[PDB]
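Novice: Chain by chain, the residues:
There are 2 protein chains.
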Amino acid sequence: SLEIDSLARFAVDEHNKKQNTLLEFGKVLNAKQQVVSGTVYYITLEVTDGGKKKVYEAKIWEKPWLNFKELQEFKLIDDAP
Amino acid sequence: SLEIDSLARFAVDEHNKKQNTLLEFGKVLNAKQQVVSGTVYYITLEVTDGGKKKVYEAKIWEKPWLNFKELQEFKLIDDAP
Numbered sequence: 017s018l019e020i021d022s023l024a025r026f027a028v029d030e031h032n033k034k035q036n037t038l039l040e041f042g043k044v045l046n047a048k049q050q051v052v053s054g055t056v057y058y059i060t061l062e063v064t065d066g067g068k069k070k071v072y073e074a075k076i077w078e079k080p081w082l083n084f085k086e087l088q089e090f091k092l093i094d095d096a097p
Numbered sequence: 017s018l019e020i021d022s023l024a025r026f027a028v029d030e031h032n033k034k035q036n037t038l039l040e041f042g043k044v045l046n047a048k049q050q051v052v053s054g055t056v057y058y059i060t061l062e063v064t065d066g067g068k069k070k071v072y073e074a075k076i077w078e079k080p081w082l083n084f085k086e087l088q089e090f091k092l093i094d095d096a097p
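Chains as they are written, first to last, in UniProt numbering: chain A, 17 to 97; chain P, 17 to 97.
Calculated directly from the structure, the hints in this document are not laboratory data. The beta-carbon is built from N, C-alpha and C at its ideal position, and this holds for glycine as well. It cannot be assumed that every hint is accurate.
What the hints assert, rightly or not - Examples of chain A residues toward chain P, derived with CB under 10 Å:
hint, residue
1, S17
2, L23
3, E30
4, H31
5, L45
6, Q49
7, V52
8, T55
9, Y58
10, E62
11, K70
12, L82
13, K85
14, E89
15, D95
Unchecked claim - Straight-line Cα separation of at most 30 Å, DSSO-like style, residue types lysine-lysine; simulated pairs:
hint, chain 1, residue 1, chain 2, residue 2
16, A, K48, P, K75
17, P, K34, A, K91
18, A, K85, P, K75
19, P, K85, P, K33
Let the sequences and hints guide you as you build the complete structure.
Specialist: Spelled out as structure tokens, the structure:
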């Protein structure tokens with residue numbers, strides 16, 4: 017199973033296309049393949065701290081059938097809503 | 017948005033635990049869900065340009081049943097393999 021070869025040269029073909037670098041392809045060295053499932057939720061929410069109200073952004077990730085709740089992000093959107 | 021409010025409280029909680037802040041919930045202002053399905057690829061590979069050889073980090077995210085391939089990372093690892 018060497019689809020890994022296609023992705024490697026193609027990865028050089030896009031750095032060939034992105035940047036103007038003419039790199040020749042040697043061979044695949046190491047590989048790591050992990051299929052990602054689930055359903056990601058972006059939540060914009062209103063919250064309170066020190067009496068003042070703030071607005072944050074929360075990127076939550078789930079694998080609901082495996083009892084997985086993981087929080088990837090908690091950015092601060094608005095200091096003064 | 018009745019039990020995604022339930023997941024909005026998740027975010028503020030695991031924030032406070034991970035972050036030691038004291039945010040108290042308010043309400044959700046907006047939310048968009050994104051079901052994800054695909055395969056990701058981490059490949060080190062050997063490259064050649066200008067004579068001597070190199071090795072590159074390559075992050076590759078593809079959705080195989082659409083033949084779509086997305087090249088994300090391509091960071092130079094070392095100029096010595």
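Novice: Taking the hints in turn, state whether each one holds.
Specialist: To see whether the hints hold, each was checked on the structure:
1. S17: Violated, because the Cβ-Cβ distance from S17 of chain A to chain P comes to roughly 12 Å (cut-off 10 Å).
2. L23: holds (5 Å)
3. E30: This hint holds: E30 of chain A lies near chain P, its Cβ roughly 4 Å from the closest one there, short of 10 Å.
4. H31: holds (5 Å)
5. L45: holds (4 Å)
6. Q49: holds (6 Å)
7. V52: Since the shortest Cβ distance to chain P is 6 Å, the answer is holds.
8. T55: Cβ of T55 of chain A sits 4 Å from chain P, so the hint holds.
9. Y58: holds (5 Å)
10. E62: holds (4 Å)
11. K70: holds (7 Å)
12. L82: violated (14 Å)
13. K85: Check passed: Cβ of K85 of chain A comes within 6 Å of chain P, closer than 10 Å.
14. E89: holds (9 Å)
15. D95: violated (14 Å)
16. A:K48 / P:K75: holds (9 Å)
17. P:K34 / A:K91: holds (14 Å)
18. A:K85 / P:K75: The hint holds at about 25 Å.
19. P:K85 / P:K33: violated (38 Å)
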